[PDB]
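Could you slot chains V, Q, O and W with the ligand onto chain P? The hints should help.
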Amino acid sequence: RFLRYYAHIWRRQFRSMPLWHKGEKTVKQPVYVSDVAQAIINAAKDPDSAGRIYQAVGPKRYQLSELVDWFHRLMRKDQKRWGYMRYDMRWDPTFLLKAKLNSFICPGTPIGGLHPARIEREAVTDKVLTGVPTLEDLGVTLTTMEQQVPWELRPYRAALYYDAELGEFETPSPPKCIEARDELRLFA
Amino acid sequence: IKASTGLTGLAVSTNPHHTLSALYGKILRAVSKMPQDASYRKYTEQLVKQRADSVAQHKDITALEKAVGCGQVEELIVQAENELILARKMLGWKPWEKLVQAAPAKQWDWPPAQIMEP
Amino acid sequence: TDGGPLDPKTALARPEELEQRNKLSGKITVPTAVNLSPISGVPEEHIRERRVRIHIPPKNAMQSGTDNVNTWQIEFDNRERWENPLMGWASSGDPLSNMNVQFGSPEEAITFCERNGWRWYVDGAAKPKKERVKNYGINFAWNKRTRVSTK
Amino acid sequence: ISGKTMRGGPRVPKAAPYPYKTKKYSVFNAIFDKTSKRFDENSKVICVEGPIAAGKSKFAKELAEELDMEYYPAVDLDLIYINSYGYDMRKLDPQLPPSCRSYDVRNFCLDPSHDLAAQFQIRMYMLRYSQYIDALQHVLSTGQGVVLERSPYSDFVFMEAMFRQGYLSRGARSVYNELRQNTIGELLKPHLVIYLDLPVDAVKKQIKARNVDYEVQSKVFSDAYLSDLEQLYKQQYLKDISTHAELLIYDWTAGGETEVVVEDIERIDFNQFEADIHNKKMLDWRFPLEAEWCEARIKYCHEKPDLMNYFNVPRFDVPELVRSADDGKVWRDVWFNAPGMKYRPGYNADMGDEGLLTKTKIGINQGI
Amino acid sequence: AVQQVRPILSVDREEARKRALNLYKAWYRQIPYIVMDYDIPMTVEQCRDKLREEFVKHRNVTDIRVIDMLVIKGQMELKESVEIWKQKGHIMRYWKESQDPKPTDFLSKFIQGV
Ligand SMILES: Nc1nc2c(ncn2[C@H]2C[C@H](O)[C@@H](COP(=O)(O)OP(=O)(O)OP(=O)(O)O)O2)c(=O)[nH]1
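Protein chains in written order, with the deposited numbering: chain P, 229 to 416; chain V, 5 to 122; chain Q, 33 to 183; chain O, 40 to 407; chain W, 10 to 123.
One or more hints might be untrue.
Stated by the list, open to error - Selected chain P positions facing chain W (in silico; Cβ < 10 angstroms):
{"hint": "1", "residue": "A265"}
{"hint": "2", "residue": "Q266"}
{"hint": "3", "residue": "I268"}
{"hint": "4", "residue": "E374"}
{"hint": "5", "residue": "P378"}
{"hint": "6", "residue": "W379"}
{"hint": "7", "residue": "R382"}
{"hint": "8", "residue": "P383"}
{"hint": "9", "residue": "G395"}
{"hint": "10", "residue": "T399"}
Claimed, not checked - Far from chain Q, by Cβ distances over 12 angstroms, these chain W residues were calculated:
{"hint": "11", "residue": "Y33"}
{"hint": "12", "residue": "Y42"}
{"hint": "13", "residue": "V53"}
{"hint": "14", "residue": "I76"}
{"hint": "15", "residue": "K88"}
{"hint": "16", "residue": "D114"}
Said to hold, decoys possible - Here are the simulated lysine to any residue pairs, SDA-like style, with alpha carbons at most 20 angstroms apart:
{"hint": "17", "chain 1": "V", "residue 1": "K98", "chain 2": "Q", "residue 2": "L128"}
{"hint": "18", "chain 1": "Q", "residue 1": "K41", "chain 2": "O", "residue 2": "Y110"}
{"hint": "19", "chain 1": "V", "residue 1": "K98", "chain 2": "Q", "residue 2": "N54"}
{"hint": "20", "chain 1": "W", "residue 1": "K82", "chain 2": "W", "residue 2": "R26"}
{"hint": "21", "chain 1": "Q", "residue 1": "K59", "chain 2": "V", "residue 2": "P108"}
{"hint": "22", "chain 1": "O", "residue 1": "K60", "chain 2": "O", "residue 2": "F71"}
{"hint": "23", "chain 1": "Q", "residue 1": "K41", "chain 2": "O", "residue 2": "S123"}
{"hint": "24", "chain 1": "W", "residue 1": "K59", "chain 2": "Q", "residue 2": "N54"}
{"hint": "25", "chain 1": "W", "residue 1": "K34", "chain 2": "W", "residue 2": "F115"}
Simulated from the structure, these hints should not be mistaken for lab results. All residues carry an ideal CB built from backbone N, CA and C; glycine is no exception.
Okay, chain P solo, but in the shape it has when bound:
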């Protein structure tokens, strides 16, 4: 509900992406699910890990604006042709109505994973505490987003019926992580 919640039709507004503060004040440390599963099992094989707290975070930190730009480059949904553009979610009240309507109408599960509870998850920036063990303590070797995400989004690519010749789509530029010092400035 993270790489699909941002690739779904509902999340957009005809081509757009309402992000809180354009996502520039949100910093996240997404972790590949397999690494998390490896952590759970490794914690299960070991008794030393009993009765302790573990934080499962990725190796790098990214601004939410930086990530979403990178997806839409991987998805070939670039602004130049496709028409992608980032609102500031505070400006448009239409979006909050969609979630409120969406939650009410659907009996089983919200469509596109969109509902006001999910919105608040997006806004809050990950706060990895210092001194609490991480999966590296459990021996897991974390996979970077660049390794995995480009293969996750292959079935969500736009204009996927093209049969492009080799080179007709240029490899997207990788995302730029946020340095620890930069987070201080980004948050004033």
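Okay, now just chains V, Q, O and W with the ligand, sitting in the frame of chain P:
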């Protein structure tokens, strides 16, 4: 003239007597080049005479087939077209020479993998 | 040869192609001590860990026939087995443990093992049994102890 | 394909040959006379080629006799230096300027390095080209196949061999290719090509057997030169034509017998290639409709003058092939005032022709 | 200890060395196509390493006939990969991704068991 050969993709032959005569004539020339003691030269040279004369001896293809047996005249040609290829090819291999490769030890032994007591 | 047309392929082939067509007929020399481990396709892990025991299969003590020990054999190491959790069968992850091949002499067996990169070690060939007298009359001896008290 | 023994007798034409030497065959002639009605199993083109002095001529004559094929003697410069009335143009050369002096095979074997060699090689290509077209007219109008000694397709080998020995220059080779490219594409490739592979040492011996004055005395027929021709026939010509024409190779049918060769040809089948439409083998001669037959017949019977006007490719940066203006005037004077060159052939009264007052006719596919 | 034998493809180690490099060319040219036409996680740089990693496996091979066979088999896979006869699963089979690492140190193996 046969209406049809009876075999798909095999056409009735015009002047089979000529076509056979040329082919047998060609074979004897290719065979002639082979050394006299070669057993292949002795057999085909003997054989092709037995086929060649029957081709000239008989003028009716139906009578020819009985005189030679060994299939229809169309097939007789098909056969003859081969020994040209064999005889020509075999002037290059020189099979009459001695055994090219002496057999290895136990290379034709059956059943295999038994201790042999000297 | 004879008049009959020449083969276009060889007749028209450039002198260079005929030359390499010759040395590919070749008969070049190569050393006879070779290792076929790369092409045999065995996983590399097995080739490094598992020994091969050249041996004659042991005669069945409970029988007098022998024609089932007239070969040399190879059997791999006896890796682990374990009870199957569900039904309790014997289970193993040891494909080569199932294996067995027959040979005529240890020299061939070593030759085969070297050509495939296996590590081997030969059990001592049973020395030919010493001659035994096995006389019947001695069962009834005048002053010797060989006299049998039964019959 | 069907020798006299196979047919048991002489060729029986399907219909009377069209008198292509005397009557033109334009579009309006094609309405009443159709082309396909005359084509037999023997309506094919055969090129009997080989190295220098391999007895091609003798083999062709015998071969063309068995298959009831028309035989076309190999072109020579006598076709340029002997007019119809028989006068020898070469006698006029003392008058002509040196650049326009007559040049022949004799001269090539004796002064191969002379600048007129480049001229001489292009003439041979032009002569073969015209002769080759004449064979096609005979094929298409009579239905009888033709036997040629050397087609224009194989002529570039001699030019290329001469270039390697350095007789020609870069420019002359460049000019030759443009002519060949400009012209070769308009011909129909032969059905069958026969080659007589005489080894290099053999031909050198064989040349001395003819005991032709200039050849034995000459230096051109060296190992290098004769070797170059062998490499060129087999690597460039034969490898290329075999994509279209059936190819038979013999050591020397000139020294061998032809009756065995005819029996080899008849074994070759020419219909298996017909099945696939786009099959390269014998593609040129695959006409779907009767219109296509007539079009090809019209082109060679009625539009040959066009075919022989493509040799006009202007190239003057090459100094060897250019003929100076002052020479041209002098050469024009001598050449066209010779006995029989005053007028078109068949009109020069001083050569004995008569009735010119009441004569109005001119030949078809004739000059001028 | 030498014997006369029939060559496979080449007559000299230098020719064998020449053939092997061509196989490296064709693979190295082909990686960009394989990434596009197979739904697999691996990228060109990762794959181009896998090509280097494995050509190194057969580092100590000496016999020309063995090198010929490796190049015969090596070429066969490339045709089966230049074509897409090999499916998505087979290409990733070159990485053994499913198999997790088995520790090599004695103490870890002992504790883990045989
Ligand atoms: N420079 C040049 N000489 C040619 C060419 N074609 C033929 N010749 C010359 C080479 C020899 O001096 C001489 C050989 O004549 P041929 O090989 O045509 O023999 P010919 O047709 O007279 O009878 P034969 O070949 O024995 O059946 O003509 C050509 O295209 N260029």
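Evaluation of the provided hints:
no.: 1; hint: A265; in the structure: violated (12 angstroms)
no.: 2; hint: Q266; in the structure: holds (9 angstroms)
no.: 3; hint: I268; in the structure: violated (15 angstroms)
no.: 4; hint: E374; in the structure: holds (9 angstroms)
no.: 5; hint: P378; in the structure: holds (7 angstroms)
no.: 6; hint: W379; in the structure: holds (4 angstroms)
no.: 7; hint: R382; in the structure: holds (6 angstroms)
no.: 8; hint: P383; in the structure: holds (8 angstroms)
no.: 9; hint: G395; in the structure: holds (8 angstroms)
no.: 10; hint: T399; in the structure: holds (9 angstroms)
no.: 11; hint: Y33; in the structure: holds (17 angstroms)
no.: 12; hint: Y42; in the structure: holds (27 angstroms)
no.: 13; hint: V53; in the structure: holds (26 angstroms)
no.: 14; hint: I76; in the structure: violated (9 angstroms)
no.: 15; hint: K88; in the structure: holds (18 angstroms)
no.: 16; hint: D114; in the structure: holds (15 angstroms)
no.: 17; hint: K98(V) - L128(Q); in the structure: violated (48 angstroms)
no.: 18; hint: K41(Q) - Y110(O); in the structure: violated (30 angstroms)
no.: 19; hint: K98(V) - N54(Q); in the structure: holds (17 angstroms)
no.: 20; hint: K82(W) - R26(W); in the structure: holds (16 angstroms)
no.: 21; hint: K59(Q) - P108(V); in the structure: holds (17 angstroms)
no.: 22; hint: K60(O) - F71(O); in the structure: holds (18 angstroms)
no.: 23; hint: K41(Q) - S123(O); in the structure: violated (46 angstroms)
no.: 24; hint: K59(W) - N54(Q); in the structure: violated (37 angstroms)
no.: 25; hint: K34(W) - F115(W); in the structure: violated (41 angstroms)
The structure fails to meet hints 1, 3, 14, 17, 18, 23, 24, 25 from the earlier list, while all remaining hints are met.
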